[PDB]
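The chain below stands alone and is given in structure tokens; this is the form solved without the ligand.
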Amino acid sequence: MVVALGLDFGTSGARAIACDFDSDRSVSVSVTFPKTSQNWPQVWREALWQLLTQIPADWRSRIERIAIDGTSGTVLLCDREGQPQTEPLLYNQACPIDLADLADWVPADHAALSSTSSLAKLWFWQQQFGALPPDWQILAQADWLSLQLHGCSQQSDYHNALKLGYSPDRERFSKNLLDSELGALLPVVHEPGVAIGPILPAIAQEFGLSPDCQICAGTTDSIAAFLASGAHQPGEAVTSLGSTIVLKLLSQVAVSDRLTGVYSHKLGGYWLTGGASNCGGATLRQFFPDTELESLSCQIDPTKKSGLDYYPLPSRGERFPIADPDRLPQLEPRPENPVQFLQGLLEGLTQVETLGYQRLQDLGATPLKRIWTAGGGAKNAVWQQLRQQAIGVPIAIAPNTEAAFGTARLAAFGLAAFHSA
């Protein structure tokens, strides 16, 4: 019944989606980020006000809850007032630090043990600033942007906080990390979806929002994209068939594998696990454009195996399901008819998804029940036939894939659906 606002801040831009879930009606507005900037916080915040502005007044007067998802790993170093004291470290930027320095702050093989993690970037900043002031704070993109709305400093969610060192399984930072030099900069971690506080009165009156509107705890954009699908039962999974095949499986058990980068986000009483293969649509685009890809797909009969057996790597190295930094793209033997060649490629990608989900299950995750598909290859029915014959479960196109929609659902209902009974 709630009318909720989902704010999505991703890699290339930002999208706002407001939904009346009672009548199931929505409105969506967009803003495109520059290719690069000199003041990214300014870009993000201006994008925030711009998004709020593009939303109709009749909608804004009825928004009761707001949630924000941001890119994972994009952090900001700020004072007490939330003002950036240096350039933000982006999601894709790595830091040349020694992970052994973070050994006594998180358990072994923790997800925060990565050169691109928020914790590694915090330690990074600590190195060049020498001594970070105790009254300062580190804030993920979503954290900072929501801070622009509710004004409560040092507030984050246990999705963004995971790679900062948070342990969602025991729902805490280690006492070693809390009593460390970085502990004073750490945020208070809440569950994604819960109310942090009311919206700032000035902001509410300025943008014609209700002064009783609640600003909720945020999440990451990939998780929000998963939330867009609506899947909330263990064994349900979302497959993203984009440039790279990305699997996300909902399970009752947290599974992990550091060699393949597999970890688990907490999701209510459940866990969202998954992985990412280097194979994907990019390998297909190496041979055919999209139009030719379709033109050939319409001639493929998935019932009869091509006989070919490819591993559709586009380049050097494979992460998931099996880790091999020196594995070759096996796109041989390439045959006569490009139709059966494309069929072979599709069979390869199919095997990638299959081995992926089966491997996820083998690590202890809840057995697969069904697949919701997103990305460019989602509409490919032949590919879907190969997949749904190889996996063993029903496969359908995800009703919604927009991160902003999943974030709007996060604002409206939180993670309440992700519990036993």
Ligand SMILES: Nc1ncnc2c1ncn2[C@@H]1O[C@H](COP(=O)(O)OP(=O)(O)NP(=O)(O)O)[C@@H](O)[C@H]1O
The other form holds:
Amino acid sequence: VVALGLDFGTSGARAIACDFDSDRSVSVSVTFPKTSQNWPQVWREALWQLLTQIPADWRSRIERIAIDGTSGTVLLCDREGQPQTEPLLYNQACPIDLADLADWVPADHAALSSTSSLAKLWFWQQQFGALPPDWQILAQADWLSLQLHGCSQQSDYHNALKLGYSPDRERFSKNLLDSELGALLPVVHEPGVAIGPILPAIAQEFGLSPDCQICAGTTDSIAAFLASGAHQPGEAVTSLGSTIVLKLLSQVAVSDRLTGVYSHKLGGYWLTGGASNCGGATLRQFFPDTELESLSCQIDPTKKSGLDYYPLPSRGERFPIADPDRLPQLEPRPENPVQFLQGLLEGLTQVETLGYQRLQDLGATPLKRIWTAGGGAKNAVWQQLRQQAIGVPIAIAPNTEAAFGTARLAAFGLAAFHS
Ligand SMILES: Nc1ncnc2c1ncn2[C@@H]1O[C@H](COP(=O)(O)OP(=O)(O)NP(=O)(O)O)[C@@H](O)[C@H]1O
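So that was the form solved without the ligand. Now I'd like the form solved in complex with the ligand, please.
Complete assembly follows, chain above in first position.
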């Protein structure tokens, strides 16, 4: 099958069209502006740009399309999907009383945060006073796929989670549904399932098959996990970027209030994980990348540095163990920078080790292996430290592009995530 994955991320958008029987693909990109007074227009026009940059040869063969977008980026729209106010982005928080939400979701639900879609919907309820029942709240992914299939009030259970959806019982609460916010809530499908065929006009315009299907979308983080291809419980993806982000495939849902850990449903499985404040930014505080390569190649990982660092960039850890007063420990400082770097790397290694072990201690399926992404993935000394301390096979993820994970989502859905 020839499938299209569309990735709308934090700084840009990428389209990856894949023929999965000949292992062939084309990838195009668009970079977002630094500022805009009409972000919906930016996104939509980026969509048309991406479609346009895909060769006519491919567009005619594409049978399924899916879209991932940033989590917590929502739009308030009329019944035709026309934005009625500025979007609230993923990074923006809302000044409200999370106790106003407790009667709508279970205790410690992931939607109980000032940056969640539900908090933003409530914020809009307060700001507008009363929201017209024919209106709708749509995640970025939702709104963009709506541009293709014309079916309003449609979302997926990845995006809908922080809007107050409960993927364990697969529903919004009756309280929330019967509230004044209920009428703006979307119908929630599984990521990957066909919502409807592409619009006739859109198909004509862009030389797409009028029989092409638009699927339910997902978030860019989950899409990144999908890029790896991991589908057995116990498999994980570690992102060694500016911050270390762990994602672990589990047979069981796990969560933790104080560390903010939660789980998304993923087929018959669950994707859990957590994000540390430690990461590559700490490394950046002492070495540029070139120095990281040159010095890391001088490290022998089979000899302990003697150093026991907690490589926070600044004060306060969020995961594996919450502690808003945790200070960076980088003492004592050896005079050899090779040894200092080794100490830092051992520290970050301990962060990943503790993180995964903690996820398991909360009930998650025991770790089977690690696929690695992000800036530190290529560092084989760091990788060695990690395999020593964790004790599972570790490799570089076969693919890490969110658009590719989304193309896989379009082509195969979540079928692989079942026993
Ligand atoms: N050889 C290396 N070994 C270890 N860390 C490295 C190396 N090269 C770069 N880094 C770190 O990689 C970090 C950048 O990670 P990168 O993933 O590319 O960016 P990002 O901001 O995290 N965006 P994302 O890819 O979504 O996580 C920087 O802080 C670098 O210090």
